[PDB]
Amino acid sequence: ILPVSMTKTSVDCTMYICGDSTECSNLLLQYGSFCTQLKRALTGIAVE
Amino acid sequence: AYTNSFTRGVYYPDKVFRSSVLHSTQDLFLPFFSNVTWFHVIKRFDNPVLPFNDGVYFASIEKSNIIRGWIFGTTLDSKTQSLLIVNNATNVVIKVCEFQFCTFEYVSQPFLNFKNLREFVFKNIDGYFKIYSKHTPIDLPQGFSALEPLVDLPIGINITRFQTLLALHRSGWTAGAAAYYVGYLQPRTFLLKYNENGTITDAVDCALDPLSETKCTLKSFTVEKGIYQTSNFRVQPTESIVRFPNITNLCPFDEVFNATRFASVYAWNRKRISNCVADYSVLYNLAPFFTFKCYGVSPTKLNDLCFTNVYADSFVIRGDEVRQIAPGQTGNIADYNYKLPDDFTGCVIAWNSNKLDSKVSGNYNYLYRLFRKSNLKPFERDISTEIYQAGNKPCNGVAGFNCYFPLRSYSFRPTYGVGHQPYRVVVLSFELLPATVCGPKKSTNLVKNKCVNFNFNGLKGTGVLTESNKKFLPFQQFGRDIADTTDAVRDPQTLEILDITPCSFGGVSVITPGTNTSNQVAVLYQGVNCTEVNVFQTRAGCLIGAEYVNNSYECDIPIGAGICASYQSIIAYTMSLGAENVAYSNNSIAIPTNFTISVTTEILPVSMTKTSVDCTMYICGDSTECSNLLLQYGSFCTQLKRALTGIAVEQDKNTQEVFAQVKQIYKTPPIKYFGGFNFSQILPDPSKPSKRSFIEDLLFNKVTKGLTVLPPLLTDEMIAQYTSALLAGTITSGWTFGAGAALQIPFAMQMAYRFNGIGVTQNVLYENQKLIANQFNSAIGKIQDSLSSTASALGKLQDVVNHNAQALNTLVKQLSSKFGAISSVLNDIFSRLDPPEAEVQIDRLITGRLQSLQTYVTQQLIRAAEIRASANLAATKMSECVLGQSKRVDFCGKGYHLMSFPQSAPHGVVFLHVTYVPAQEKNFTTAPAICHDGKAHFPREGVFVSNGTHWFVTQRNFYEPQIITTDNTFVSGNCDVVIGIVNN
Ligand SMILES: *[C@@H]1O[C@H](CO)[C@@H](O[C@@H]2O[C@H](CO)[C@@H](O)[C@H](O)[C@H]2NC(C)=O)[C@H](O)[C@H]1NC(C)=O
Ligand SMILES: *[C@@H]1O[C@H](CO)[C@@H](O[C@@H]2O[C@H](CO)[C@@H](O)[C@H](O)[C@H]2NC(C)=O)[C@H](O)[C@H]1NC(C)=O
Ligand SMILES: *[C@@H]1O[C@H](CO)[C@@H](O)[C@H](O)[C@H]1NC(C)=O
Ligand SMILES: *[C@@H]1O[C@H](CO)[C@@H](O)[C@H](O)[C@H]1NC(C)=O
Ligand SMILES: *[C@@H]1O[C@H](CO)[C@@H](O)[C@H](O)[C@H]1NC(C)=O
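Chains as they are written, first to last, in PDB author numbering: chain C, 726 to 773; chain B, 27 to 68, 77 to 135, 166 to 176, 185 to 210, 215 to 247, 257 to 518, 521 to 620, 641 to 675, 691 to 703, 705 to 827, 856 to 1135.
Everything labelled a hint here was simulated from the structure, so no lab data went into it. Just so you know, not all the hints are guaranteed correct.
Cross-link-like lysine-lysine pairs, in silico, DSS-like; alpha carbons within 30 Å at most [as the list claims (entries may be wrong)]: (1) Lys764(C) - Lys310(B); (2) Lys41(B) - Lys206(B); (3) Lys41(B) - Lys825(B); (4) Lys304(B) - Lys733(C); (5) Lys733(C) - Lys795(B); (6) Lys733(C) - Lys814(B); (7) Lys811(B) - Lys921(B); (8) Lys733(C) - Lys529(B); (9) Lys547(B) - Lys764(C); (10) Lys129(B) - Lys206(B); (11) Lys764(C) - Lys278(B); (12) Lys733(C) - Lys964(B); (13) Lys790(B) - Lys921(B); (14) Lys97(B) - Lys764(C); (15) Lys764(C) - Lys964(B); (16) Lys814(B) - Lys825(B); (17) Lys764(C) - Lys969(B); (18) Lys206(B) - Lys304(B); (19) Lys764(C) - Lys795(B); (20) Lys113(B) - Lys41(B); (21) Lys733(C) - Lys547(B); (22) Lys825(B) - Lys764(C); (23) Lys478(B) - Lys528(B); (24) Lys764(C) - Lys947(B); (25) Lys933(B) - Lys795(B); (26) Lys97(B) - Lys113(B); (27) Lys947(B) - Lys814(B); (28) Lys113(B) - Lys129(B); (29) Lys764(C) - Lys856(B); (30) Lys187(B) - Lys77(B); (31) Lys528(B) - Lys733(C); (32) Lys187(B) - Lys41(B); (33) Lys764(C) - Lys811(B); (34) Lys440(B) - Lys458(B); (35) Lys378(B) - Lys304(B).
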């Protein structure tokens, strides 16, 4: 056996951190490009 | 009546310059392609007053200056401030005085098919009035115009109303024919582009269109054809649902209030009320209480607040003595019978009961404490009927002088007045120390087939609440799944379970072809039902804007679950694999007669933008305080630097393995006599000044602080020279220069050796030398054209250069991540903050940046390993493809390998592999064996095929018949094993 694929998992940083909480998500948006680079890395995982 | 506002309102945000860079900003902006009302001027007069709101983009088709000035105000008196602008005979006058149709004045420069335009901006953004002016000689027409900033005036006033003013003509009045338009600014993000001079050329609002969002994400006005992640679909909970037991039972409030006879005030009855639901809304609606006072609790939060326990204190007192039941208030009842704490958080309820608690002969059953020894401490209760010693003589249990019974009876008679009527009083003590005491909370009816927010016995979440036909054990309240997430819950009063499935949120992507091709877009939603969001439902989600096709074509833009969309509107479909072809055969053979020598670009990243980070300089700069603070945090910085040095030495050694595979440097003579195989685009021309290949030139012009970039040990020139040496070896001397000296060997016989490698005799080459040469050179020309005209030819190198680039870019922007402080320079923190807290915040900020750098170098090592493996593959395939022939399939490109030619590239390599690709098979005849004289004759290497007339021995891959001699056939057994063999 050679494993071929994982389950590609594009995790939204905002959903992961605050869910649908508008106040928490808005506060998260202040924090910077953390979620941006994380999502880009995860999408890189998926496209790979 | 309505018309398109088109593309007006774009302006420079402030007085900063940007050179050929794209910035996205978030302020109040005018929407694009907006449907704006059209005005008319001609006996109907339209004189409306436009509301300022948050601001307006006000442009005028103005000639000869009919429009003069505006009036801003709300009340038109001295309480408010009004701004007035006029343009008298010389100049433009800016004033602020309280005219009844002085505080501020200003002076500007003198001003001294549609043709003239005057654009103005009314912005009041945090008290700022940024001024812009743009006039250009020319339904707002199709065109482009930006508004340069002139003055940013911090007026600091609120604007809501504005209106333009006209003037008649004196020379009798004449009104011109024109139309003006007013939009509105909203918070939205644009895509600014600046030219090589530094002016705005093209602008796109992000959320204007799906294509606009694609442009906003990709930071370009040109976008390749493909699928791009945009956002995530947020399913909004339709309704809020709450479900509690709170069954009728509720709390036994009635038994306390509606009791027959209460206990007296001195021995007031304390009832613990708990494990029930409050219904205080009845008490307010009761309207039968003479006194209703709540001190520490207000009715708004009273009915929806939880407390540990609530106690029901009830008794009967007189009307005049009701008022002593109050925190702070004292007296004969509030000191000896029952004292409220001065912090009484609760309610006081009292009502008249002269009907029940008054007997005609005198109701003497309700008593008080008249005269008590001292005052009472909190939570003290004097029920002692001890005879008072009001003097010196001890009371030996008998009454008399200085010996009185501490309890006296109320004179409750119906004839008595209002104050002497028995007023039944109930006090509910509110205190909090577990929450078994709650109010109604409103059990809201549930919904079905909708993911909403719910409150099931104190549990909250989002997911669809649908019918479920599972039977779970009665005592268990709710369940969970393998991943511990809740999947069902029991609602009280029905005892039925509802299966909870995760709500239907998913990502948002836009299927959009290249802007050079079209501009129609469609939106894909990840795992979203089409009934909650023309509209088509995929196996992967809901597709909006495209039309599904029963016919299936070849996939080009993956959508999801095999759905793929191609251009016609943009049509989507389940992807078609291809053409069902293979015709399995028993007695049928086919012998190829022709082929193509395709040449395919193969791309491998080799190097990265290697860097070393001074940790102290990175985090602090030249700040001595910050350096002194940081150096005490340990050798994390040393780990960082040394890991980066490992990266750099790894990069150099990969480069050496790739290029300096041979220490001896062979050279290409200016006399490039290859017998008609011109390699000018790959081999640097001695006439070319910088000794670089034209393909390298195409590559290089196609491809595009506080940190360093170390030069490669082998510069671009030296790498090119290494590649030239490799080419010279593998061409003039062939593959052996890897194993030692470049043993010279003529090129035609080297290719003959290669065909012997793939199973072809050198005679086949010699008969095909010229034609394969022409095919190869034409293929080289196709390579030239493809690399020159193909933006996707450099996908891998261009993206790895990217990955490095935006890695460093997120690195530098991380320094711009403020983390909630005032200034990243330590001086402002120290000057406006206490030094002790300034130090701690400094530590927090620097440790955040340190974590960021560690994370960056973490992924830098990740690509270090990845591209290191890739470059190992690159060296291996120069060994197997340049330094020899590879037996490996799909390793020197697609198919049997023939030859390879390395080429230099920025931080990587590019190859032109010669991969053998057959074509045009021809279908033939064969027999298992040929039996001659009862003897089976087999070719040593070939296969007997017959075209229909004669038997021939030929090649396994091609039809080259020859005479079956005694040197190709061998003596081995007989023919008696094969079935159906023929005698030939
Ligand atoms: C494969 O087919 C091509 C067909 O294009 C052959 O090339 C032609 O050969 C004839 C014979 O001299 C020329 O007159 C044509 O000009 C050629 N056409 C082209 C486009 O080059 C080629 O010879 C065939 N090769 C084999 C091995 O069968
Ligand atoms: C090789 O010969 C066989 C002869 O049976 C071919 O099989 C048929 O080819 C015709 C040609 O179009 C088809 O219409 C038939 O459907 C084929 N038969 C079957 C059962 O599918 C075969 O196609 C030939 N192969 C080549 C490459 O020419
Ligand atoms: C007395 O009993 C009635 C039932 O008829 C109830 O509705 C009411 O709330 C009770 N009185 C008070 C003060 O709660
Ligand atoms: C090979 O290519 C070069 C450059 O495209 C061209 O000048 C030359 O004529 C071609 N043919 C030969 C035989 O060199
Ligand atoms: C089969 O090949 C031989 C060899 O050239 C040729 O003489 C013969 O005519 C061919 N048969 C047919 C039917 O073309």
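Consistency of the hints with the structure:
Restraint check for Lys764(C) and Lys310(B): the C-alpha separation of about 22 Å stays at or below 30 Å, so the hint holds. Between the alpha carbons of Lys41(B) and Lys206(B) the distance comes to roughly 15 Å, so the proposed pair stays at or under 30 Å and holds. With a C-alpha separation of about 33 Å, the suggested pairing of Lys41(B) with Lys825(B) is violated against the 30 Å cut-off. A C-alpha spacing of about 26 Å is found between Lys304(B) and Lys733(C), which places the hinted pair at or below 30 Å, so the restraint holds.
As the CA atoms of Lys733(C) and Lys795(B) are separated by approximately 52 Å, the hinted pair breaks the 30 Å bound. Proximity of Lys733(C) to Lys814(B) is assessed by CA-CA distance (about 46 Å); at most 30 Å being required, the pair is judged violated. Distance check on the hinted pair: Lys811(B) and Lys921(B) sit about 29 Å apart at the alpha-carbon level, within 30 Å; holds. Our distance criterion of 30 Å between C-alpha atoms is broken by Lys733(C) and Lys529(B), whose separation comes to about 43 Å.
At most 30 Å may separate the alpha-carbon atoms for a hinted pair to count; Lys547(B) and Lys764(C) meet this at roughly 27 Å. Between the alpha carbons of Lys129(B) and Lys206(B) the distance comes to roughly 22 Å, so the proposed pair stays at or under 30 Å and holds. Taking the CA atoms of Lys764(C) and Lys278(B), the gap is about 26 Å. The hint holds against a cut of 30 Å. Between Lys733(C) and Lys964(B) the CA atoms are separated by roughly 28 Å; this keeps the pair inside 30 Å, and the hint holds.
Our distance criterion of 30 Å between C-alpha atoms is met by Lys790(B) and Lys921(B), whose separation comes to about 26 Å. For the given pair, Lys97(B) sits about 54 Å from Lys764(C) by alpha-carbon distance, which is inconsistent with the 30 Å threshold. Using a Cα cut-off of 30 Å, the hinted pair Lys764(C) and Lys964(B) holds, with the two alpha carbons roughly 17 Å apart. With a C-alpha separation of about 18 Å, the suggested pairing of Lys814(B) with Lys825(B) holds against the 30 Å cut-off.
For the hint linking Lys764(C) to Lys969(B), the alpha-carbon distance of about 21 Å falls within 30 Å, and the restraint holds. Of the supplied pair hints, the one linking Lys206(B) and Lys304(B) holds, its CA atoms being roughly 27 Å apart against a limit of 30 Å. With a C-alpha separation of about 52 Å, the suggested pairing of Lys764(C) with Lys795(B) is violated against the 30 Å cut-off. Straight-line distance between C-alpha atoms of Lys113(B) and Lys41(B) comes to about 35 Å, which puts the hinted pair past the 30 Å bound.
Only pairs whose Cα atoms come within 30 Å are accepted, and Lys733(C) paired with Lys547(B) is accepted, the gap being roughly 29 Å. A threshold of 30 Å between alpha carbons decides the hint, and for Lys825(B) with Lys764(C) the separation of about 28 Å falls inside it, so the pair holds. Distance restraint check for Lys478(B) and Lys528(B): the Cα-Cα separation of roughly 61 Å exceeds the 30 Å cut-off, and the hinted pair is therefore not satisfied. Restraint check: the Cα-Cα separation between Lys764(C) and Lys947(B) comes to about 20 Å, which is no more than 30 Å; the hinted pair holds.
A hinted pair counts as satisfied when its Cα atoms are at most 30 Å apart, and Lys933(B) with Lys795(B) qualifies at roughly 22 Å. Between the alpha carbons of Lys97(B) and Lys113(B) the distance comes to roughly 36 Å, so the proposed pair goes past 30 Å and is violated. Using a Cα cut-off of 30 Å, the hinted pair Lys947(B) and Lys814(B) holds, with the two alpha carbons roughly 25 Å apart. For the given pair, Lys113(B) sits about 17 Å from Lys129(B) by alpha-carbon distance, which is consistent with the 30 Å threshold.
Taking the CA atoms of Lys764(C) and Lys856(B), the gap is about 25 Å. The hint holds against a cut of 30 Å. Using a Cα cut-off of 30 Å, the hinted pair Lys187(B) and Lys77(B) holds, with the two alpha carbons roughly 27 Å apart. Note on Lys528(B) and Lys733(C): the hinted pairing is violated, with a Cα-Cα distance of about 43 Å set against a maximum of 30 Å. A distance of roughly 29 Å separates the Cα atoms of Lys187(B) and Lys41(B); the hinted pair therefore holds under the 30 Å criterion.
For the given pair, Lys764(C) sits about 46 Å from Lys811(B) by alpha-carbon distance, which is inconsistent with the 30 Å threshold. At most 30 Å may separate the alpha-carbon atoms for a hinted pair to count; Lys440(B) and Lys458(B) exceed this at roughly 35 Å. Note on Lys378(B) and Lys304(B): the hinted pairing is violated, with a Cα-Cα distance of about 65 Å set against a maximum of 30 Å.
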